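Student: The task is simple: from the sequences and hints, build the whole structure.
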Amino acid sequence: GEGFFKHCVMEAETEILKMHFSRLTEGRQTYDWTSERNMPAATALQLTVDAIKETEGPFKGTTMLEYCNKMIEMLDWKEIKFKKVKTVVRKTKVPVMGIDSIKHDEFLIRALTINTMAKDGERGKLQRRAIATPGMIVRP
Amino acid sequence: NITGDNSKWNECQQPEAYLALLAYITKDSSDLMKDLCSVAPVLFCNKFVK
Amino acid sequence: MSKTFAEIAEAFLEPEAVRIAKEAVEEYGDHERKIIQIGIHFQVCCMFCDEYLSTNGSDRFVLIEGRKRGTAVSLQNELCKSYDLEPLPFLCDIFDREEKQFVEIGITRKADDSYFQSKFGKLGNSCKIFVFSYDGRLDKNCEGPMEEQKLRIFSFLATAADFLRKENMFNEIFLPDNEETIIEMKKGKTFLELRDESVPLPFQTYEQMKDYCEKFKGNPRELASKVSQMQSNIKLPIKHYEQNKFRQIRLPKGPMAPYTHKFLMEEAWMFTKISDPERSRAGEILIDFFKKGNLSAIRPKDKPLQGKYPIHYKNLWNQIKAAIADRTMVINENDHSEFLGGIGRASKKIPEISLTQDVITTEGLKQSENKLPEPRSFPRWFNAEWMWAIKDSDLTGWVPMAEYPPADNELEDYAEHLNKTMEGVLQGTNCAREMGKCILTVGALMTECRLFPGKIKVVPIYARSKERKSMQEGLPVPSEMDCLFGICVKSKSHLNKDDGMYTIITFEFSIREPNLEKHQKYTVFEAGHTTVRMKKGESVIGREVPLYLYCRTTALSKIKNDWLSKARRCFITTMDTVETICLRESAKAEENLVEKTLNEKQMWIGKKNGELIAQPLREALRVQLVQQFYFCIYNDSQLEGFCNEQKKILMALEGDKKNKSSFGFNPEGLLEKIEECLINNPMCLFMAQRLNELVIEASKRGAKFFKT
Amino acid sequence: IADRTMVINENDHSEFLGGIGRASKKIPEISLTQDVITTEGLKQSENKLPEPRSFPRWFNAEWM
Amino acid sequence: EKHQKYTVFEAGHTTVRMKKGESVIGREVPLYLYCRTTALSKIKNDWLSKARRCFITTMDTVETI
Amino acid sequence: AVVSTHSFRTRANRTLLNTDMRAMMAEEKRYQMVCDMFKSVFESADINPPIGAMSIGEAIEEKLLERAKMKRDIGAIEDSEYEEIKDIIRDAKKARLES
Amino acid sequence: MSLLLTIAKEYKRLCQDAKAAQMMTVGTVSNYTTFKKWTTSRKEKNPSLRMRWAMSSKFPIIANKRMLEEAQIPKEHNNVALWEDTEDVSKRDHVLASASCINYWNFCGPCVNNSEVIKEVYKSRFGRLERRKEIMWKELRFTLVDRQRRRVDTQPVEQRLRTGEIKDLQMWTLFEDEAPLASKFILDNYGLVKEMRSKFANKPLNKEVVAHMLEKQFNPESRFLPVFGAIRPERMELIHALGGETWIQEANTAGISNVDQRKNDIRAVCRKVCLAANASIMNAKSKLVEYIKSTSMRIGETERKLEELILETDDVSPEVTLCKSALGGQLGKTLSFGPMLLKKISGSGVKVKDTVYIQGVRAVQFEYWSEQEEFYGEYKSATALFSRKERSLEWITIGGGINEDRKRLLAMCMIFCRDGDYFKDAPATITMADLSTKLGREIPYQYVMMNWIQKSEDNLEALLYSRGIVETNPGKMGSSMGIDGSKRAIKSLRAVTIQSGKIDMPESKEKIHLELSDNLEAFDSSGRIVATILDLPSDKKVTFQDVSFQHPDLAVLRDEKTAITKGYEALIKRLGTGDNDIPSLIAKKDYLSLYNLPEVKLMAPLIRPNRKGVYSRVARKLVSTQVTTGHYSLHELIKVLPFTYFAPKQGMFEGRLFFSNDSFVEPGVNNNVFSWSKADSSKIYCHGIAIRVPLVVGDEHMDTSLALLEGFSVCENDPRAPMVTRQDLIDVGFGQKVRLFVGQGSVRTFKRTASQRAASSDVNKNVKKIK
Ligand SMILES: [Mg+2]
Ligand SMILES: [Mg+2]
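Here the protein sequences line up with chains A, B, C, D, E, F and G, keeping their order. Read in order, the letters of the first sequence correspond to residues 102 to 191, 203 to 252 in the authors' numbering. The opening residue of the second sequence carries number 303 in the authors' numbering; numbering runs sequentially from there. The opening residue of the third sequence carries number 1 in the authors' numbering; numbering runs sequentially from there. The opening residue of the fourth sequence carries number 324 in the authors' numbering; numbering runs sequentially from there. The opening residue of the fifth sequence carries number 517 in the authors' numbering; numbering runs sequentially from there. The opening residue of the sixth sequence carries number 655 in the authors' numbering; numbering runs sequentially from there. The opening residue of the seventh sequence carries number 1 in the authors' numbering; numbering runs sequentially from there.
Hints are computed from structural coordinates only; laboratory data are not their basis. There may be inaccurate statements among the hints.
[As the list claims (entries may be wrong)] Taking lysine to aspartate or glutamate and the EDC-like style, the derived pairs with C-alpha atoms no more than 16 angstroms apart in a straight line are:
{"id": "1", "chain 1": "B", "residue 1": "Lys349", "chain 2": "A", "residue 2": "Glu218"}
{"id": "2", "chain 1": "A", "residue 1": "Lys184", "chain 2": "F", "residue 2": "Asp674"}
{"id": "3", "chain 1": "F", "residue 1": "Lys723", "chain 2": "G", "residue 2": "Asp177"}
{"id": "4", "chain 1": "D", "residue 1": "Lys366", "chain 2": "C", "residue 2": "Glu410"}
{"id": "5", "chain 1": "A", "residue 1": "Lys171", "chain 2": "C", "residue 2": "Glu184"}
{"id": "6", "chain 1": "G", "residue 1": "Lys389", "chain 2": "G", "residue 2": "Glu374"}
{"id": "7", "chain 1": "D", "residue 1": "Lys366", "chain 2": "C", "residue 2": "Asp413"}
{"id": "8", "chain 1": "C", "residue 1": "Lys166", "chain 2": "F", "residue 2": "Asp700"}
{"id": "9", "chain 1": "A", "residue 1": "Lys184", "chain 2": "A", "residue 2": "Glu155"}
{"id": "10", "chain 1": "E", "residue 1": "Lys535", "chain 2": "G", "residue 2": "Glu654"}
{"id": "11", "chain 1": "A", "residue 1": "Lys107", "chain 2": "C", "residue 2": "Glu214"}
{"id": "12", "chain 1": "G", "residue 1": "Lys12", "chain 2": "F", "residue 2": "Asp690"}
{"id": "13", "chain 1": "C", "residue 1": "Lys558", "chain 2": "A", "residue 2": "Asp232"}
{"id": "14", "chain 1": "A", "residue 1": "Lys185", "chain 2": "F", "residue 2": "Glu681"}
{"id": "15", "chain 1": "G", "residue 1": "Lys287", "chain 2": "G", "residue 2": "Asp518"}
{"id": "16", "chain 1": "C", "residue 1": "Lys648", "chain 2": "B", "residue 2": "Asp307"}
{"id": "17", "chain 1": "G", "residue 1": "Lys133", "chain 2": "C", "residue 2": "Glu184"}
{"id": "18", "chain 1": "G", "residue 1": "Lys36", "chain 2": "A", "residue 2": "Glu127"}
{"id": "19", "chain 1": "G", "residue 1": "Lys678", "chain 2": "E", "residue 2": "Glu544"}
{"id": "20", "chain 1": "G", "residue 1": "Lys509", "chain 2": "A", "residue 2": "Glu218"}
{"id": "21", "chain 1": "A", "residue 1": "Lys237", "chain 2": "C", "residue 2": "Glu214"}
{"id": "22", "chain 1": "G", "residue 1": "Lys509", "chain 2": "A", "residue 2": "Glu127"}
Tutor: Here it is, written out as C-alpha cells:
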C-alpha cells in the first residue's frame, strides 16, 4: 500500500480514543510509586488516581486521552500528596494511614522509575534474565 | 534456510530510534495523536532503573 | 470491538447518511472522528424536513446543510429572491416555506442553556433556533416544531445517546466552539524539555527531528552502507565439514558427582505390610501399625560408616522411635533449630546506621563475599541406576490409576486397549516404584505443611502396592499391601514473603554396602540384620543379611513439593512419544500396525561388549519412562540450559542425517554455553557423555563428525 | 415437493438404508490367515435370534 | 407399548368440525406425526399390492353357508 | 462451565491483611460495600455495564422509589412502611448533599 | 419486606461516610464498571497446587448460611463437627463450613421436580449431546492431509446473531426492571423475545448464570482450525474424536441442525433478489434496498427480517456480498469471482487499460492489472496458490483433490490472469457473449470469456491448451498436471505444478465497505472488482415458507386476494395511533365506533351478498361478547371485524365460512386467507405477512405485555408526571405524558405516540434530491 501507516494509525486512534482508562488495569504487574512497590495493575492504578484525587481533586476524565493529559499535567506539579501508611508507636506499632508530600524533582524520578523482577517461570536458562515492570504513568 | 535466534535483543534496541520511527509513521496521520505517539518513547529515553 | 470510525457510524446510523458526513468531513474541515457528531446533526435535520408537505407539490422545508458549501451559498440567496428577508451572514440548516423563516438545529450533551446562549448569541431572534439535548432537555426559540417530529427526533436522540454511552464516547462529541478547540495534546514545560533533550540526532529541538522525519525520502545508498558494514563485519562464514569435529563435547573433571535425588532408588529397602482399608486410610498411622512389628527393635551403633554427623542423627532417630509410640510429632525445640536451614545458622543482623563507626574502627573483620558450586565429574553408578529402574520389580504396581471409561467400538477400544497394555508394562517397573513413593510421601509432607506449621513431625516414606500372581491357579486372593522405605522428618514450614524452602531429614533402610563416591552426602550407619528368604524349586533358605541405615538432610521448595508430588505427568510424555511412532508407521500402511509395530520395531537401547544393542518398542518404552522420570527428579537450571542448548546439536545431527549440509555459526561458543551449564548435575553430565557416544556411533555410521 | 418429488441427498439415504443397516467392509480370507496368527479386530462369529413378545391388548381395538 | 417401533413428534394442530342438529363447533385438536422405517421385499410389494384377493376368500366362505 | 451445586469461592490467606497492605485496602473495601450495594439495587449491573447520564446515588434512590411503589401499589407491603422507606431515602439525600 | 428496608438503611450508612458519599455522587454510573475492576485483583500464583493447599484443610470453603438452616440440619451424622457461629478469614455474611456437607445435601436433601427447568437453559450443551446420540462408527488409519487453516463456525445454533444484539436479548430476557428500550432488535426480531423471555422470566433462578450461558448459546466460535474436508459446522463441534493427522471416522454428515441448509436457502434468496435488481437497470441502488427491507424470512421457529439476516450472517457468498453492499454491513477479506473465491496475500498495483484484438478483427478495451501479486484460489474440492505479474501468471501450484476441479481452478484463475492467448480464442464470441441483453448493456470482458468457458466442454479444452504444454522433466513427475487433470506426467502444462496435499487458506480480521456501481459492481477499497457482477445465471423460482412484498415483479398476487389482504392491511396497519382507533375504542369498551370505522367500509363490498346479514349477525355477536376484558382474543377481532358493517339480520343459518369473493375465513381455524398464529404476534395472508406491534393486550401475550405495549416515544421532561412502573404504563391512556425510569438509571418522559417512521428513507430521499 501507500497508506499503510496512515490506516493502521487510524485504527489505533479509533480504538484508543474509545477506550475507558479503567481497561488500563488489565495487564501484568506494574510499579506503584506511591508505596514504591510492585503491585497488580488495578490496585496500583487505584492508588495513582486516588492520590490525584486527594491532591488536586477527583478525576472526571473517564477517557484515555484525559488520563494522559493529567499525567503530563502532573509533571509540572510542584507538590504531590500520597496515601502512605506510616507506623506510629502508641510500645506497639500501629501502622496508621497517612498523607505524604513530594516535590517535582522526586516525583519525576519516581515517574520514570522502572523496577526489576528476578525471573520466574522462565524455561531453559541456567542464569536468570530478569524482567522489568514499568510504572503507572508510563503505561498508557 | 536458517533458524535464527537473537541474544540481548532488548538491550540493543533503543527508544531514541523508536522515537524517530514513530515520528515517521505519524507524519501524515494527525498532529493531535502524533504528539501522543512521541510521548511514549521519551519516557524510556530518560528512564530510571531501580 | 469496532476498529474504524465508519464502522461505529454505520452501526447505529443510517448507511447513506454517513456518506454525507464522510464527504463533507473530507474537504471543508479535516477531522476523522467528528463525522459521528454531524452524523447525528445531519440526520436530525432529515427526519425533521420530509415529514410535512404544505398543501402543494412543493415540500414544506428545504435542506441547505448537507449540500456543498459554494452551492449552499447561492441556494441561500434564493431565499432573498423568494421571501426578500435579510441575507443572514451565517448559513443555516433548513428553510421553512410555511413559516417563511430561518431554521437551525443544535444538539448538545450538557444542560441546554450552556449551548443555547451560544447559538442565540450568534444569530439572535433572526432565526428559529431549536436546541435539543439527548437526555430529553429542551431549549427553543419562540415557537416549537409540530408535536409529531418532536417525539420522533427525541426518541432517536435518546437511543443514539444510549449507544454512545455503551461505547463511551462523550467529551469528544462536545460542541465545536466549546470543546473542539481543545482537541490538542496537553504540553507541559517539563515534558517539552524532556522531549527536546531526548532526540537522537545532532538536532536538539524536537521540531528539527520532526522535519527530518516527515520530509524523509531515502536514496539507494544503503547498498554501499551495507557493503561497508559487510567489510566491517569480516567474520561468520560457516561450513559444517570445517568445524564438523565440534571438539566432541567438553566434560568437567573433579570428584565424581553425588546422589542428588531426595530418596535412594537402587539400594533402598522395603518393609511389607498387608494394608487394612480403615487402618491405612490415615497413612500417618501406617507407621504406628508398622511399629507393632519388628521395626521398633532396629537401632544403629554409635560408630557409623562414612557419617558426617553421627551422634546428632542417632539421637534424632531415638526421638523418632520414642515419638511413634506416643504421637508422631517430635517434641524437641532445641534440636531442630540447629538442623534447620540445612545446618543453616541464623545470622544476627547489625544495622547500617550503627555500622559506620565499625567502618571507622574495623572490628568483627568486615568483608563481603559470595560462593560458587564446585564442579563434579561424570558419574559411574548412574548407568546401574538406570538398568535397575528399567527392570520389573516383583510388586505389580505402585501408581494409583483411576478406572477406565465406557467404550464404543471405534476409538475407545483402541485407546482403552493401548492404555491397558502400556499401564500393565510400566506399573511393574521399579521406576514406577520410585514414582509411587514420591507421590505418596511428598503428598504426605504437603498435607503436613498445612496441618502443623512450625512443628516437627515424623512422616513415613512409603509406597502402596498390590501383588500379582500369574501362575494362574485360582488362588485365595492377590495380595494387597503397602511397604515402607524409611522414615522422614520435617522442620519449620513458615512461608516467607520471598521464597522459603523447607528442610527435611531422610532415613532410608538399605541392604547394600554404601559407596563413598556417590553417597558423599549420605551419612550411613550399621543398623542391624534383616531376614530375607525365598521359596523355589531349590532349597533357597536365605540366612540373614546386614541392614544399613542411610541418613541425610535436603531442602524442599514448595514448588518442588508440587511438581514432585505429581509424577504421573511423566507417563503422558512417554505415551505421546510412543503412540506417535505407532501411528506414523501404521498410517503409512493404512493398516492397524500398532500391535505389530510395538513388538516388531527395534529401538536402539544400549551397548554391550562394544556392540550396539536394540530392544523392541514395548521394553524400550521403559527407557523413555525412566528418562522422563529422571527429568522430573533431576531437573536443575543446569539441565534446562543443557537441553535447550542441546536441541541445536540434535538438529545439526539430523541435518547431517539427510545430507542437508547444516551449519551453526560459532560452535566454539555453542559448546562454551553447553560447557557453562554442566556443573554438579548427575543427569546433565550423564546425558552429556551419552551424547558423546551418540556422536561417536553416528560418525561411525557416516562421518559428518569426529572421533578423537 | 415444491420443485420435484425426488429428494436430492446422496449422503442422507446411505445411513438410513438397510434399515439403518451399515455397509460392512469385507476382508478376504487369503490375507486373513495372518490375522488368525495375530488376532486383531477381535475376530469371532455369532448370529442373532428374535426376542419374543407377549399378547397384544390394542389388537382387539384395532379389529373393532 | 404398541408403538415402540414408531418415532412420534408433536406436529401441530388440525381443525375438525361437524354440522348436526346440535351446535357441534369442534374447535381444533393437536396433530401428531408418526415416523418409522421398514423393509419391503418385492414379493411383499406384489402380494400386498393386490389385497382384493381377500374379498374372494371371504365371499366363498360366506356364500357356501 | 456447568454450575450444578458445586461451585464455591475460595477464602484468601491471612498474609496481605496482616501487613500495612490492609491499611491501604481500607479504601478498596470502601469501594466494596458501594459496588455490592449497587449490585443489590441493580441486578444486571455486572452483566450489562451501567450507562446513562446520572449519578450512582441518584439512580439508586429513584430505583428504590420505583421498587417501593411497585411493592406498595399491588404487592404486599404497608403504606406507613413505604413512607418509612421514603424517609430513609430523603434522610440519605441529606448526608449525600452535605458532602 | 425487610429485604428492601435493610438495603435502604445500608445506603444510609454508606452515604453517611463522606469518603464513599462523594465517590458515589461524582460522575456517571459507568464508574461502577471501573469500581468493580478495583477489587479481588489478587490471584494465587498456583492454579492447581494452591487449590490442593486449599482443600487440604477440613473447613476451607465459604458457603451460605440461611438456606442450610432453612432446609437441613447443620449437625453431622458421624459426629464430625460441621457448623459454627464464627465468621473467619474474610468478613462477609457467609459463615464457613466443611466440604462434605455439600455431599450430604446432595444425598438426603428435600428437593423435587427440577428436571425440565434445567435442560432448556443449557440446550446449547444438552443439544451438543443429543447430536452425538445419533451417529454410526467405523475405524481405519491413513496418512491424512487435513486442511490446515479454516475459519469456520463451530458449535452452530439456529438464529445466531452479533454480540451487541445478543446483549440486548440478554438484558430484555433477564430483567425488565432495569432495561433500556431498544428499538432496532426488539421491533424486528420479536417472537424470539417472546419465547426466551417467556421460558426464562417466570422462574427466577440463576439470573447471572442463565444470562452468560445464553450469550454462548447463540455464539458460534469461528476459530482457525485444521479440518480434513468435511466443512459442515456440525462436524466442527467434535473434530477430535473424528479426524486428525492419523485419524478417520465415518457415518457423520447425516445428522445436522436445521441451520446448515437454511443458510443455503438464504443464498438462493439473495440470488433471486439480485436478479430482481438485475431486471431493471434504470437504477440498481434504490430498488435492491427495497427488495431487501421488504422481504421477510421465516426461520424454522421464528420470523425474522431479511435485513438483519443478510447484514449479520457469517458466511460470505458471492451473492451475499452483493446483498450486503446495499446495506452498511462491513464484511471484507473476501474475494468473489464467478463460482471461485479468492484472497490477496501480496503486492499491489494500478488498474490499466489495454485494447487488444479478437479474431473478428475488432478492438475492445480490456482493463488489466500490473502487480506482482500472490493470491490464494478456492474452488469446490480444490485449493491452490497463484501469483500473477504484469497481466500474466508468474507462479502456480495446485492443492486440489479432484482432477476436474483442478482443471476448473486452472481455467478460472487463467481467466482472472488474462494472458495474451485470452484474445486469440474468439469462436463466435461477438454474436452473443459480447452484448449481454439487459436494456442493451455491454457486459465486462473477463466475465464474457468466463461465460464462454462455462458454455460448453470444448471451450475448457481450448484455453487449457492455450497454455504452454511441455513434457515435464524427471523430479516433476508427481507435480506435473495433465490436460485432463492427472499426475501421469507424460505431457503437462507450463508454469504449473501440483502439490500432494491441500493448501492453507489465509485469514485477516478486517472490515471494508463502499458503495456499489449501478451495474451491481462493488468498487470497495477504491478498486478490486469484488462484486463479480452476476455469479451464476440460474433462472428458477422455488421458495418454501418465504415472504415478499411491494411489487415484487414475481406475480403471486391475485386480484381478489390482494383485495382481501390489502383490505385487512388497511384496518390492521392504520389503527393503534390514537383516539378513534381500535385501542382507544377497546379501552372505552365502545364497539359501535369500531363497526362504523371507515376502513371497514372499504372491505364491505367484497363479502358474499347472499349471507351478508347472516354473517354480520354472528360477527357483531363475537365482537360484542369479547368486549368484557380478559376474555377477548385480539387477533379474532381483526379476523371477525370486517363482516360486522352490514345491518345484522337473523339468519339462523351457520355463518362459519365467510365468503369474501368466494373464499372463506373461519373463526380460529387458520387457513389460506387468514393464518392465526399461536403464542406470537404475526399473521400470514397467503404468501405474505403483517403484524402491528404497539398495542396488543391479547391474553396469550402475558409474558411480554410490558415489551409489546410500546408505541411510545420521548418528548420533554417538563411536566411532573407520577413515576410509573413499567407495569403501570399500560394504564395511562393516549396523549398522556408520563415519567419513567430507563435502563441503568437515566430517567426520561414519554407519551402515547405515533411510532418512529422512515428511519432510512427520510435521509435517503433528501440525499437523492441533493444529488
Ligand atoms: Mg451550520
Ligand atoms: Mg447548525
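Student: Tell me if the straight-line CA distance from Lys509 (chain G) to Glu218 (chain A) falls inside 16 angstroms.
Tutor: 45 angstroms, violated
Student: Within 16 angstroms, alpha carbon to alpha carbon, are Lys678 (chain G) and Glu544 (chain E)?
Tutor: 13 angstroms, holds
Student: Does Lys36 (chain G) pair with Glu127 (chain A) here, judged by a C-alpha cut-off of 16 angstroms?
Tutor: 13 angstroms, holds
Student: Taking 16 angstroms as the top limit, are the C-alpha atoms of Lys237 (chain A) and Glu214 (chain C) close enough?
Tutor: 43 angstroms, violated
Student: Straight-line Cα separation of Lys171 (chain A) and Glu184 (chain C) no greater than 16 angstroms?
Tutor: With a Cα-Cα distance of about 13 angstroms, the restraint between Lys171 (chain A) and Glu184 (chain C) holds, given a limit of 16 angstroms.
Student: Hey, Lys558 (chain C) versus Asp232 (chain A), does the alpha-carbon distance stay inside 16 angstroms?
Tutor: 14 angstroms, holds
Student: Given the hinted pair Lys184 (chain A) and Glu155 (chain A), is their Cα-Cα distance within 16 angstroms?
Tutor: Distance ~8 angstroms between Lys184 (chain A) and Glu155 (chain A) Cα, so the pair holds.
Student: Are the Cα atoms of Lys723 (chain F) and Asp177 (chain G) separated by 16 angstroms or less?
Tutor: 13 angstroms, holds
Student: Holds or violated: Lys366 (chain D) and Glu410 (chain C), Cα atoms, limit 16 angstroms.
Tutor: Holds, at about 15 angstroms.
Student: Assess, step by step, whether the Cα of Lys287 (chain G) is no farther than 16 angstroms from the Cα of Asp518 (chain G), and give holds or violated.
Tutor: Distance of about 11 angstroms is within 16 angstroms: holds.
Student: Check the hint pairing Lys349 (chain B) with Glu218 (chain A) against an upper bound of 16 angstroms on the C-alpha distance.
Tutor: 13 angstroms, holds
Student: Could you grab the alpha-carbon distance between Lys166 (chain C) and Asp700 (chain F) and see if it respects the 16 angstroms cut-off?
Tutor: Measuring from Cα to Cα gives roughly 14 angstroms; hence the hint holds.
Hint compliance for this structure: hints 17, 20, 21, 22 are broken, all remaining hints hold.
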